[PDB]
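There are 4 protein chains.
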Amino acid sequence: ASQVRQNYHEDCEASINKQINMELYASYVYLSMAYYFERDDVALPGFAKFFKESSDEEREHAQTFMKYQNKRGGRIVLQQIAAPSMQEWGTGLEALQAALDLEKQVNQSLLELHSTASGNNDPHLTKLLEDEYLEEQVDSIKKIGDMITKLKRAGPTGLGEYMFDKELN
Amino acid sequence: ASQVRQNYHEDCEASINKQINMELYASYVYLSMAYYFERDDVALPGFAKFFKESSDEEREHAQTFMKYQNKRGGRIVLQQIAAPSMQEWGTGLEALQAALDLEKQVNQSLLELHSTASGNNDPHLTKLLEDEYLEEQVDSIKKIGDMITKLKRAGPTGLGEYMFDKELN
Amino acid sequence: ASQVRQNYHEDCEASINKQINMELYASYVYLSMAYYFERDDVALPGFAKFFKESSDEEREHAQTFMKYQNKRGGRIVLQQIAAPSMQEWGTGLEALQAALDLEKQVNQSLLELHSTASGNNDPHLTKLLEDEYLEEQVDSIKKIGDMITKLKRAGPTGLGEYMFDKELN
Amino acid sequence: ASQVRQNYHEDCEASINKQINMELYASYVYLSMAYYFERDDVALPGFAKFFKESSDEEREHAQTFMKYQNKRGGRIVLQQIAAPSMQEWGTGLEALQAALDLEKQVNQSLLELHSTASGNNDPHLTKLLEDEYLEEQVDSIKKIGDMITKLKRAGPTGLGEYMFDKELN
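Protein chains in written order, with the UniProt record's numbering: chain G, 2 to 170; chain L, 2 to 170; chain A, 2 to 170; chain V, 2 to 170.
By construction, these hints were calculated from the structure, which means they are not laboratory data. A few of these clues could be false.
In this list, chains with the same sequence are indistinguishable; a pair is considered to hold if it fits within one copy or across any two.
[Unchecked claim] Listed next, the in silico EDC-like pairs over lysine to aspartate or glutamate satisfying Cα-Cα at most 20 Å (straight line): (1) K68 <-> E136; (2) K167 <-> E11; (3) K50 <-> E39; (4) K144 <-> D12; (5) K153 <-> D12; (6) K72 <-> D57; (7) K105 <-> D42; (8) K128 <-> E54; (9) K151 <-> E113; (10) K53 <-> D147.
Using the sequences plus the hints, can you model the full thing?
This is the structure in structure tokens:
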């Protein structure tokens, strides 16, 4: 094994490679949403900027996991990034709802990784997950939940969507 | 011919003169719209400021073509500038729709000028049109399309028009 | 069609969507290389830094094409991003040789898109390819070529590779 | 017992005192290495500076453990600091290999400390170990692994060792 590998279980190594792929997939979905909201027949620059930032954020999640893999002496094995399930995302509300669903799927996968890590007694990996991932996941789920509630209060369509979009820009 | 004239076909020279006139016409249309939106019974200062800037820009386009005619050794021949098709432009949406129609007619004329230039093997003129005109035209058509979409979302009339107009100011 | 679409052929729209996928694929290849060279048994941080910049660059090219698609009124279709077929890149020299091959494949695709745009008399699209893509692609190929020659002179393995890597930091 | 003591098991108290000693010992080993590389017949100032800073870091680790013991109301028990296992450390590569082995032994002891704290349900102590020790230990082992790989590429003896020394200085 690697000259640095210590207390690093193969199941944790494999699960991190899967998490890297999932993070990159979530980044690709948000990129799709970002440019969907800059279509001339959609034109929601606030939503676009929100998802463009989420897209950068999830790519840096993936990169932190790749760096982690190397830190522990595992092997990065990259897999194909699936195309987003949609190419057209609907109203701003439906995009937020699909985003909230994606964030909770990511959160679930992250909690399964934490359970794998505790089960193999890897305090370094559980710490990583708690400080670098689980905390941000709960914040973004709270933020997206808040946004859905406000957008339903404002609209969710027509003038209320137009105004709510402004608070994101 | 001029001491400077070289590889400058007569059809290209005449097309530039026609384009100058079309540019000045478009500037006159936007000047009409600009002050229409400052009527006391219209009172949309954001629309007025948007069209005022468009009027200055299209006059800058006409001057660049006049400067180009002289650079190449052609003769500027100015023609009468037609009065705008309208004196009253209706709602802000109707003004935007007529503007998008005008921008696409200018774009069509510019692509016809580019085809004339290509057919006469004038790389200096095709570069001019690509870098100084075709690019801004596409950006301008995209901007106006976005604004139509946002105004339909917000209004198009009543409070939503009042709020969208603020976005322009 | 789109309220903004004008002189935008269906084949150019489709070829732009394929180009987007190729840029994203090229970005993924360079991401693979960047973290390959941070493995504890490779430890080439200059190479890693060079390929990480290349990866960000390719992703910005993909986004410029997506923005372009929206400007013209076409529709972005995103497909799966294949993983690199071979992720054990070997020495730094072998990675540069693979990068040069990939850059030339991208260039050849970019030139076929230009021929499609020219065959369809789309001067706005050829201008985009010439100014935003073909110039940067030739400069990139020339740089990697230079790097290959310099590394073959320094090494290409052992102390010369170690010294050449510091020139990239 | 101390007025501040609470949920602090005597087995964790005793292990903290052992870890203090190991930290002081590792600090002593790096001090030996540092001044070994300043012998007139060795003269590797970069290596010397790297181990000096390493010696200062391990001493600080020992003091944070002593500060932690008092925080919890445990009692610091200091013992002899054993002589370093060697007086002469061979080549720069042999010094790094010995340092990598020592860091993995220290990491092993820290992980056993964590399992003792976990088995006694002391979350305050598992947090200390995760945030203050386990994280920097994995980073230090990765750092040293990279360095061994870099020095094997450069040298590991002769001009390559001389050149690698400069990157540490």
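Structure-based check of all given hints:
no. : hint          : verdict
1   : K68 <-> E136  : both (19 Å within a copy, 14 Å between copies)
2   : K167 <-> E11  : neither (47 Å within a copy, 34 Å between copies)
3   : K50 <-> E39   : within (9 Å within a copy, 24 Å between copies)
4   : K144 <-> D12  : neither (32 Å within a copy, 24 Å between copies)
5   : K153 <-> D12  : neither (43 Å within a copy, 31 Å between copies)
6   : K72 <-> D57   : neither (22 Å within a copy, 22 Å between copies)
7   : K105 <-> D42  : between (30 Å within a copy, 17 Å between copies)
8   : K128 <-> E54  : neither (25 Å within a copy, 26 Å between copies)
9   : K151 <-> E113 : neither (31 Å within a copy, 37 Å between copies)
10  : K53 <-> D147  : both (19 Å within a copy, 18 Å between copies)
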